[PDB]
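Have a look below at one chain only, the form deposited in one PDB entry, in structure tokens format.
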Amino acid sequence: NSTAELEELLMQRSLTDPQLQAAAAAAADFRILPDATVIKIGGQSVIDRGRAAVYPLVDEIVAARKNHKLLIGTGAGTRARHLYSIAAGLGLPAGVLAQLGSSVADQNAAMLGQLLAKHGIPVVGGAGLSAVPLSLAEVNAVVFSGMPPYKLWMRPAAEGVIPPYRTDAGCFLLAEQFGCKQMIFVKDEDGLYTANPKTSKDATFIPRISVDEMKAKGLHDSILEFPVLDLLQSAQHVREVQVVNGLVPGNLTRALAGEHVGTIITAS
């Protein structure tokens, strides 16, 4: 291998050539924001619940950013399910639904952002994104909308028009892109169970599990969007994620401190 053998392959072959693909795999690996943590705040599980859920999390973010650099992404929730229902009933394709859902995650980032403004924390992704480096350096946190940018170019699911990559996937990919040290999903249950705990009375709590074990137990599409599990197995930087209950006071803070609250899902 060499800077030169890669450059010759890159000039002489299709990007599909297994030979070129293999030389590229050997390249150096730079992490852009290695000391940051990405947190997803659920739309339906947290923000839709209003101040009883949101105010304690705002207080935690404000306290936690003294010691931890944070990128806080928002989910969408019930207004996006309403939009998907209307648009699906009209026969609109997954790519149009994807744009509609983004607007809802944007609303939620605006609302969270207004509660955090007096602490110096901006909402970003609007005007820019190199908003992010300066913000992280000075106030240690930023708020972003969690939907991926695919919009009309969204790959559809095998069945149905609901966009398969939504705000769990958007936040995960950003953590992965930037080479962040940790990805925490904030939801409204303690973590993963053997069955939906809202719907099933004798579900058992699962502290740690791999993607393969989740699939073997039928949990592919339970507490996280199922494509996130596959993205996790391909990831270069973020090879596990943590799911925690945002409705328990202090839970986010304890996860940032290294406590094993919730469920840890590992790529292998």
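Shifts are known only where both forms have a C-alpha. Numbering follows the first chain given and starts at 1. Superpose the two forms; the largest set of C-alphas matching within 1.5 Å is the rigid core. First, how it differs from the form deposited in another entry.
Residue showing a CA shift of 2 Å or more between these two forms (rigid core superposed; candidates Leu173, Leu112, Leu136, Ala87): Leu136.
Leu152: CA moves less than 2 Å between these two forms after rigid-core fitting.
Remark: with the core as the superposition reference, the CA shift of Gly126 between these two forms reaches 2 Å or more.
Once the core is fitted, the segment that moves between these two forms, counting only runs of three or more residues with each CA displaced by at least 2 angstroms, is 126-138 alone.
Alright, leaving the form deposited in one PDB entry aside, put up the form deposited in another entry.
What comes next is one chain alone, with no partners or other molecules.
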């Protein structure tokens, strides 16, 4: 699709025109942060648990940034589930609940900043274009909040007022749009199983699986927010993700080294 044709379509047709969409699909592909890794630190999985879980990970992050460029996003957790309960009981729409959840993830990002400030790692807005910190060996990492910016414009789920796109989606789409090389979800479980390990005893561990295979197993909404699976299949840059247990000391570091800890979920 020559550019003269693309520009001719961009000015004559509606953006819904299939020929314009096809012409735009042939455009070049630029990666903004090709050497960075996005990491989500779980709210209830990790941060809500206190020093026992947060301090070891702070140490891992401080040592890991010597060899790996990191964008560290935060989850929400207990306080967010309490806000959803209050608002949902009042009949408030999903867009209002979405605004309430951002406040929790922002709190958690601040608390990590208090602990990481003496190491030169800041809490920032606009992590994807935080050019200075991500180019200094003294820093080489930043912290951001995990919720997306949709706020009152949040698309409601098919049923219920709980915002369907939360911290898993917020961190993933950041990695996708800035063309990062790796996406790591840090939870409190070793990874995906056949049954819920919390509520099932005879569960079998799954080291690797595709989105299509997860849905067939009835695992579309298990260790990840299920809308992320669809975002994953439509992604241009991040075509797989990795879920690891943050309560195991060194698990994060070993994942950044290429070790196959946890579960890998592939788009195809």
